[PDB]
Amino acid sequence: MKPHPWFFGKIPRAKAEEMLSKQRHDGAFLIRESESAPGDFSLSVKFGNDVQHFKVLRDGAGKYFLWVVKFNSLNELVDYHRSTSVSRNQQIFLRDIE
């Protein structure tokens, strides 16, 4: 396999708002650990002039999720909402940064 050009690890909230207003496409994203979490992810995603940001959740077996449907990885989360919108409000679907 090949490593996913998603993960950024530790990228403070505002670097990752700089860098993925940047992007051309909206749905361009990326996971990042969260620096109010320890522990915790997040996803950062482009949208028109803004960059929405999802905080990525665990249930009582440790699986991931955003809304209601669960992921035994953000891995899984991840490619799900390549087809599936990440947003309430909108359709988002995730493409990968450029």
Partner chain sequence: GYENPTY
Contents of the next structure:
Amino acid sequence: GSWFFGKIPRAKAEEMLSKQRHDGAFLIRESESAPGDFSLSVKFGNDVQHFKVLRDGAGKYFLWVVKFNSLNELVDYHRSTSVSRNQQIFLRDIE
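Now show me the form deposited without its partner chain, since the one above was the form deposited with its partner chain bound.
Chain alone follows, minus partners and molecules.
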């Protein structure tokens, strides 16, 4: 299903992802910190991590240092490059 949840509150995103069986279950939402901000929310075991997704001066999105022309490309990238640097966790659709 669609991974984009608009303005879902942070706590509701945590509630939703905490029910998931697979690490890497995720959503993208529109977060509260600044206008236009997105956040990637991801299940890691008993935790849900939030990662701000900001835009650079060219309009590209990023979590750390790789830049993307779209949210879909950011998601695509993390279906096969881990969102953890300690263990292999790829983004996986909510079930």
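Each form is matched to the other, and the largest set of C-alpha atoms that superpose within 1.5 Å is called the rigid core. Positions refer to the first chain, counted from 1.
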Shifted position (C-alpha, 2 Å or more, core held fixed) between the two forms, chosen from 82, 24, 15, 88
88
